[PDB]
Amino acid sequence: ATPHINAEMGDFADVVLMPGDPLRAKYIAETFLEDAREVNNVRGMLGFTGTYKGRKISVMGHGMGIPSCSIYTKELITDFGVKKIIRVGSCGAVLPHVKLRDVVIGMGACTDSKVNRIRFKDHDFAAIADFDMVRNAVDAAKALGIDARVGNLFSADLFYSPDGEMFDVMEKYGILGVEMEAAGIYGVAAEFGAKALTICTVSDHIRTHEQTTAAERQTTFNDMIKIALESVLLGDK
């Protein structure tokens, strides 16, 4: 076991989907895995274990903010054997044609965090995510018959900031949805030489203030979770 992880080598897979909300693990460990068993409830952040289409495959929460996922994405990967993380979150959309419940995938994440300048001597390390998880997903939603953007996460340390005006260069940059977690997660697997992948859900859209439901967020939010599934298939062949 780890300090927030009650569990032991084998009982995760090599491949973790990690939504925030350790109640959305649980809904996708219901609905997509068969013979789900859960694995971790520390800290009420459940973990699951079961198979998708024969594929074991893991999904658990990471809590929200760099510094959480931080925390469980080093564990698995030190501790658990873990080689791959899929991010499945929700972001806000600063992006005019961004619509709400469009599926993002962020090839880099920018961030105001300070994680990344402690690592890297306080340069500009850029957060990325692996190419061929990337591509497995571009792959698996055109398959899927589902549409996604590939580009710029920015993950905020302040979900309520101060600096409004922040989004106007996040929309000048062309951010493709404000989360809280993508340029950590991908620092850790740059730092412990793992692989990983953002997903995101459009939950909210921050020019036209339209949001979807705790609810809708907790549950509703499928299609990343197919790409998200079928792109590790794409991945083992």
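If you superpose the two forms and keep the largest set of C-alpha atoms that fall within 1.5 Å, you have the rigid core. Positions refer to the first chain, counted from 1. First, how it differs from the form deposited in another entry.
- For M9, the Cα coordinates differ by under 2 angstroms between the two forms after the core has been superposed.
- Once both forms are fitted on their rigid core, the CA atom of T212 lies 2 Å or more apart between the two forms.
Okay, that's the form deposited in one PDB entry, but what's the structure of the form deposited in another entry?
So it's only the chain below, everything else dropped.
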């Protein structure tokens, strides 16, 4: 067991899907995994392992923000043999042409956190995904009839930011979505020699809120999870 995960080596697959909400991890296990078993419940941060089309897979919540996900991702890599992390999230769009319910893949992640400056001598660390994982997700999405948008996410520390003008800067530089974790996960992956990817669905536009239904949100979430799971199978071959 590690400080935040009451499990032992072997309990996790070598790839872990991670939504922010642990209750979505439970939903993924129930909906997509065969022979699913709960393998963590410390702090309510539910984690599960089962199989998808014969492939051992785990899913576990990461909590909100770079500091939370950095803990779990580090422990998974250093103590549970995890080689790949796929964050499966929501993001808010700053570009009108990026549509509600689009799938975005963060090949890079911008941020207003200091964590990568702390790592990288106050220089600019380009927080990036693993290329093969990116391509596997693009290809899995294409096989499901989806053209994933590949580019930069922006990982914010403040959900309630006092700097609304920054969203205009994000738009100018082509940021595809705003979320709260990718850059931190990518920094951990680089620090500890593993591989990561963040996939998000566009849940809103930052500038002007758009309504969605629970059913629409569920189906779009499910599409993202299928992309993520199928991408793993492509990566295995």
